[PDB]
Amino acid sequence: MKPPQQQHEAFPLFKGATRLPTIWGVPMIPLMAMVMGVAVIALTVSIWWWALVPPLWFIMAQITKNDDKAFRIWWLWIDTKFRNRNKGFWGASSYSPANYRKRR
Amino acid sequence: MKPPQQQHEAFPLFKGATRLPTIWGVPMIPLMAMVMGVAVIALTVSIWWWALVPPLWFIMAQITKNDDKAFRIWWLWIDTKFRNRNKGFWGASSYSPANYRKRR
Amino acid sequence: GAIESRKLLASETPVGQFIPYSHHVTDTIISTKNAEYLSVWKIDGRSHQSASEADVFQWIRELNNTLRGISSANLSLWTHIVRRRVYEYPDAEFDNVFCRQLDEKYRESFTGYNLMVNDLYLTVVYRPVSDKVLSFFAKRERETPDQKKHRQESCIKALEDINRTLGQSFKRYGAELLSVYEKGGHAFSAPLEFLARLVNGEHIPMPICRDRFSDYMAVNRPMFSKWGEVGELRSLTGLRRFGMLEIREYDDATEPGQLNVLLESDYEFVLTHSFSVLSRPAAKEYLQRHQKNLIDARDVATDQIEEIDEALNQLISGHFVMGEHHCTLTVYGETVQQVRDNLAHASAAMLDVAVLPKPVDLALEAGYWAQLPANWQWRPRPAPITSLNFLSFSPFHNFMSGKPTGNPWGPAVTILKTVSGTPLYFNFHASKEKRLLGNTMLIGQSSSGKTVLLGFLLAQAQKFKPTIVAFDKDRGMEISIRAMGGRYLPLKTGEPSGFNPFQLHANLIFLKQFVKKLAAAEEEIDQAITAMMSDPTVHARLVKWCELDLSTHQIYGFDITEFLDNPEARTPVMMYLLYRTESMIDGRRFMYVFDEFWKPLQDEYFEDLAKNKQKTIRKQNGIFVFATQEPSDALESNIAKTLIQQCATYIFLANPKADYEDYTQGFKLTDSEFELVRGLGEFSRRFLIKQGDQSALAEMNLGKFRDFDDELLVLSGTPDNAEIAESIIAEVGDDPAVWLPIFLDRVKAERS
Amino acid sequence: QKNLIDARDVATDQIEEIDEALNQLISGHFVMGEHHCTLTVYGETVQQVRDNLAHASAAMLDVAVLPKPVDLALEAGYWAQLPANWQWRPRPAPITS
Amino acid sequence: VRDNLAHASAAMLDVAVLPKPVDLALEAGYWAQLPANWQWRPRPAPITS
Amino acid sequence: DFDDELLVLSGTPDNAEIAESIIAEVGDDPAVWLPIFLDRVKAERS
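Residue numbers (the entry's author numbering), protein chains in the order written: chain A, 1 to 104; chain B, 1 to 104; chain C, 2 to 434, 441 to 511, 515 to 531, 540 to 553, 581 to 592, 607 to 765, 776 to 821; chain D, 292 to 388; chain E, 340 to 388; chain F, 776 to 821.
These are calculated hints, taken from the structure and not from any lab test. A virtual CB, placed ideally from N, CA and C, is assigned to each residue, including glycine. Among the hints, erroneous ones may be present.
Claimed, not checked - Pair ranges (Cβ atoms, derived): (1) D:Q315 x E:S348: 45 to 55 Å; (2) C:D147 x A:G88: 51 to 61 Å; (3) C:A3 x D:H326: 20 to 30 Å; (4) B:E9 x E:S348: 27 to 37 Å; (5) C:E203 x D:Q315: 33 to 43 Å; (6) C:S743 x F:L784: 47 to 57 Å; (7) C:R108 x D:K293: 54 to 64 Å; (8) E:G368 x A:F89: 40 to 50 Å; (9) C:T723 x A:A17: 29 to 39 Å; (10) F:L784 x B:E9: 49 to 59 Å; (11) A:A17 x C:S280: 51 to 61 Å; (12) A:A17 x E:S348: 11 to 21 Å; (13) C:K499 x F:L784: 37 to 47 Å; (14) C:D147 x B:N99: 45 to 55 Å.
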């Protein structure tokens, strides 16, 4: 049925895949985006620019502790499925096998 | 006599069946009923409405620590054996196998 | 009053509220008022009395491992060990005096022995979503009728997958799926009969009509007591009082079979186990509550910490899931006192093992409706238990008990007592070795009980009026054959029997007669004898030194002990006899019966004919019954390989000179089985029956029980007794088989 | 038809059968009426009456008809026998001619 | 294909690994199949050799 | 299925000699001769 077997002769993983890089409970790159957004708010107003940071940051931390590095998935979606055009025309995202007809 | 045998090759239960859900020594649902009763008293008077809560709550806690989740048994009794009518006529609770004769 | 009756029934509450069932959506799957699709498995449990201690744990581990894949929060299991009195087995009807009297005595021998047999039913449901709260919110919304069809299709696919996996997991067990069976131009529902038995207390066939299953399911009025622990069902057949019981405390150990003590007992009951599996989130939450309350130790116990620490690691990485469990036992009795004392006995039996039960009161109807597989909400006392512990509570162990009625050829041929105490309904047809195989091999070591057992089986199998052809040894069954309607045809030396070597297509048959007649050869006589057969120096010598009527009787024999030296006698003898009886095979029921394999080995082509002809006759009411007095040398035969492979029912008689090697390599049986078998000392009557994969140490006895006086001598085989009884038969000379009394006078010398 | 449609579990066989019967009603010109059937056995003693009821139920269940025993409203059912006693009918059910 | 995925998830859950269907990254996971696509790794995790 | 081929694949002295008797009777290089032997299968496959 399966070559798998219940044996204690194991190579432990140590579960270091949960302790992926983080600084204050969040990966730095999404937190870099949070800082960029806080600066964007600071362009509009300084009173609540720093104030908006703890809410978003806490949301990031609590999401990451649930399912780590989901932000990479979010970025991949935004980059690939979102940016594609003519999604409605084909009924789904499509990529022409052939190159640009003009290409000039 | 019995396939049962005195062996230490056991699958312990851990006795987590005693540590059933509780918040302040009682399951929340019966305690929800206690809060509803306290509010019912608060409809009549506010002086002893909150005062009546600790006695009933302590009774709930001490009953539950003795035999846990007995309140489910109480609710089942109230729902099924109590609500049934014509108990005296049949000498016991009865349920007609046939449907309503009119059913109109 | 007439108006009063109307206003009363208008007040009366129907029972259809508590029976959540509806149309068969699939042939094997039942619907539910709340879309909880159901399927019932009828399981023939594994035999546990073999007492192989480590193998029980191995079985539990394997069941858990196979269940792991199916284990998901959308699932549940309800196990029902229904133990019932049997009425289906009918008293046999007989013509011959000897067999009828043996039947009468044996039936009288069971006054005071329990005939109840327990059969196990597992019902698995598939609730779509097991959300703790979101289910309530979703329940109060309308849905698209096409999307309800989508839920139907997905649920049916999932449940079919579950059933396939379970059937593959239960190969060693019975693993029979109850489905629709049609009878009389109208469809019926086999699963409905089981649920009715749970709710009605009696097996009532349930036709499937256009209306919903719930409205017309119940035909008996239940009357649950007020302020009582028992209830009464009012029915046309009778009034049944049922008492319920509940388990309130558990132990850690869960050594498998903690509930097996209830199986062998004298009170009819129904045992329920529901295992509503619980999702791993809630599972680790429940575990963490106990973990924390232990961490609140104040030096409560040091060991328990490292007893629970492994729990997290095993839950995350093991193959088990937590569950919700309640056990309810419903004893059926005809009087209030009897059911109460039965409950006392059952509570004593449960308290024997480490569980502590408490009778259910104020929740009698709740516990009773909890018996139905689809009743989620009526669980009286759900508790969190490990899956391993659930398999420990319900290990599908069962004392083997063959089918009493419904077997091929009708009812079970005999009822045999068992050492454990559960009566065994013996029958030749076994599930695995299409038409069921009836082969049997009665291996044994020089015990006359082989002759006695075989004669008793023949006399009792006379009930079907089947054609039987016997090849006995040492004049063992001459008296038994003569007792019923039959001709012995003794093949004594010095007088050729009624048949001459000639026969009266036919040339094709006698062709092989010429070939076997060729001894002391074989190339020039390939057709030079054939031409004379159209119509050999030693051949006419054998013809001069040779030193029949069929179908008028039902039983036959052949005194074939003589031909243990020269097969060129034995080989043509078997060839002619088998070809003779071949005609009567297709006429009606047939049971070939033998007493040796080395004379069949002497044929050297009986295997060539048998390899297909055993299938051919087996298709049309054919049965072999094989015997062996020297099992050790039996398997050495080249044909013995086919003999062991084709066997369906394996019966072993006490062999002090038992072989581990042979009984392991062939005669496939476990090491604990072999230890049990060799444990039988010489002359012990008990004989293991491995009917199918399950086995049981059934025994037969004939001693005075408060009888068998004449039959004890007749069943046995003795050369002195047989020859003397032949002297009586010569004196009486009466075809009226009832002639027995005249011989009963000559019993004076032997029975003095 | 609507009542059968409004359910948690959809049975495609029964709804199709009822729709077919609806179509047949106009075309196969059979009338429908309220129907009820009662069997009133006779036995000298109640035990004999119960035995007769059991035998009748077994004979009926040999066919695919399941009798529902009457424990109460036997008065109504018996008075239903007299012609023109519509009101005392236990449970009329519309049945095709 | 959906029922095949259900079967495969059951088979993976048989052993101690716990899978989850990939959503919003279907093209990322699909391009990750190509041996040279470093950047499209959907869920890289640190494991022992 | 395989009804004729089950006997043909196997090897038995009796079967082989008898089939040689058929081949002697038929005497046909047309290897398709199989049906004629299929009649003599009556005794063995009875």
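Cross-check of the supplied hints:
As the Cβ distance of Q315 of chain D to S348 of chain E is approximately 48 Å, the hint placing it in 45 to 55 Å holds. The hint said 51 to 61 Å for the Cβ distance between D147 of chain C and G88 of chain A, and at roughly 24 Å that hint is violated. In this structure the supplied range 20 to 30 Å holds for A3 of chain C paired with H326 of chain D, their Cβ-Cβ distance being about 22 Å. Distance hint for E9 of chain B and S348 of chain E: a CB-CB separation of about 33 Å, consistent with the stated range 27 to 37 Å.
Remark: the range hint 33 to 43 Å for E203 of chain C to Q315 of chain D is upheld by a beta-carbon distance near 39 Å. About 49 Å separates the C-beta atoms of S743 of chain C and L784 of chain F, a value consistent with the hinted range of 47 to 57 Å. At about 60 Å, the CB distance of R108 of chain C to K293 of chain D agrees with the hint of 54 to 64 Å. Taking the beta carbon of each, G368 of chain E and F89 of chain A are about 24 Å apart, not inside 40 to 50 Å as hinted.
Between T723 of chain C and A17 of chain A the CB atoms are about 49 Å apart, so this pair departs from the stated range of 29 to 39 Å. About 52 Å separates the C-beta atoms of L784 of chain F and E9 of chain B, a value consistent with the hinted range of 49 to 59 Å. The hinted range of 51 to 61 Å is not satisfied by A17 of chain A and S280 of chain C, whose Cβ atoms lie roughly 23 Å apart. The hinted window of 11 to 21 Å between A17 of chain A and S348 of chain E holds, with their beta carbons roughly 20 Å apart.
As the Cβ distance of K499 of chain C to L784 of chain F is approximately 46 Å, the hint placing it in 37 to 47 Å holds. Restraint check, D147 of chain C to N99 of chain B: a C-beta distance of roughly 31 Å breaks the suggested window 45 to 55 Å.
Hint compliance for this structure: hints 2, 8, 9, 11, 14 are not met, and every other hint is.
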